[PDB]
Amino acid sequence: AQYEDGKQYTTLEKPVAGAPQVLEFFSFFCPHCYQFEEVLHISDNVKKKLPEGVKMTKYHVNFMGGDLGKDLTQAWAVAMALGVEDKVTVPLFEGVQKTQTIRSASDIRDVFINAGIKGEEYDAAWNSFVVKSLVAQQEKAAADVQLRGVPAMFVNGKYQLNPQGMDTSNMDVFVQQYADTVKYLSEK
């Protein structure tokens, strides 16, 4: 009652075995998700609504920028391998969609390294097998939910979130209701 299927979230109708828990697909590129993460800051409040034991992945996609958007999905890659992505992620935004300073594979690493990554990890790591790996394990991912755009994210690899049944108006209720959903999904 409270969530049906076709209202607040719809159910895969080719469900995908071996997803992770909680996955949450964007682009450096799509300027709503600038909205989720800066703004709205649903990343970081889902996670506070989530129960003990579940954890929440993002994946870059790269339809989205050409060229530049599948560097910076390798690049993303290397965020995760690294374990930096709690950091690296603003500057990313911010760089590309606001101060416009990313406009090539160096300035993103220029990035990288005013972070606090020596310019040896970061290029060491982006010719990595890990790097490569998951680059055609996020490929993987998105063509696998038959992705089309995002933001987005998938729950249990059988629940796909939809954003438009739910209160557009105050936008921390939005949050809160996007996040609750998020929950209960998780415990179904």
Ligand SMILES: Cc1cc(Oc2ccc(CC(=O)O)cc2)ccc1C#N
Second form
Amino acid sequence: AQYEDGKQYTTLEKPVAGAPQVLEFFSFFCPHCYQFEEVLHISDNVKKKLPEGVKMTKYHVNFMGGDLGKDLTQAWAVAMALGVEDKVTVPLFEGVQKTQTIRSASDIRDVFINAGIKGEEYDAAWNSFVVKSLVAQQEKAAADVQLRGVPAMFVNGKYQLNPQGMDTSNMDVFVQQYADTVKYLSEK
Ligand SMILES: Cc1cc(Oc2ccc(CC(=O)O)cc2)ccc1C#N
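Mind giving me the form deposited with this ligand bound, seeing as the form deposited without this ligand was just shown?
What follows is the whole complex; the chain from before opens it.
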């Protein structure tokens, strides 16, 4: 068949009931995730191919970057709570992996200030239990599929994208094969 288990995707042996339809996991410390966001715009291109009524969820992980990696999961919870993912994703990637200007939780906070989130508003969110709950949701979802690597993407808690079974001689063709696979899986 054109799409085959083990080629463009793998099937979870333990399916996760009631999981988000399209669930992406990343880390601001992960070099491939930097490419997935800034060079390939994977999330945007998947979203532009997805059927109607299919929601996309994207979560940060703790297992890279020790203390700061856990700060970044909480900061991503702040980004989701305030709805400013599109404003902070690039400066967070570049601050961690390009310019090496993110070394502390305060440096993370500076990205949000510079992106226009008020200081009192960032701090209220950071300390809020709504943000604690969002952190817990990110952890639970990763635990549900015993996640040990990023980037990763899961469709209906059943299928996991397999990018290494795709051709990368052309970056645009790769992106569209990846997105078409997500669409194919969402339609299973
Ligand atoms: C075109 C392209 C394709 C890639 O394919 C992969 C390979 C492995 C993983 C998971 C992991 O091992 O971290 C994720 C995507 C990666 C980077 C770029 C760029 N520019």
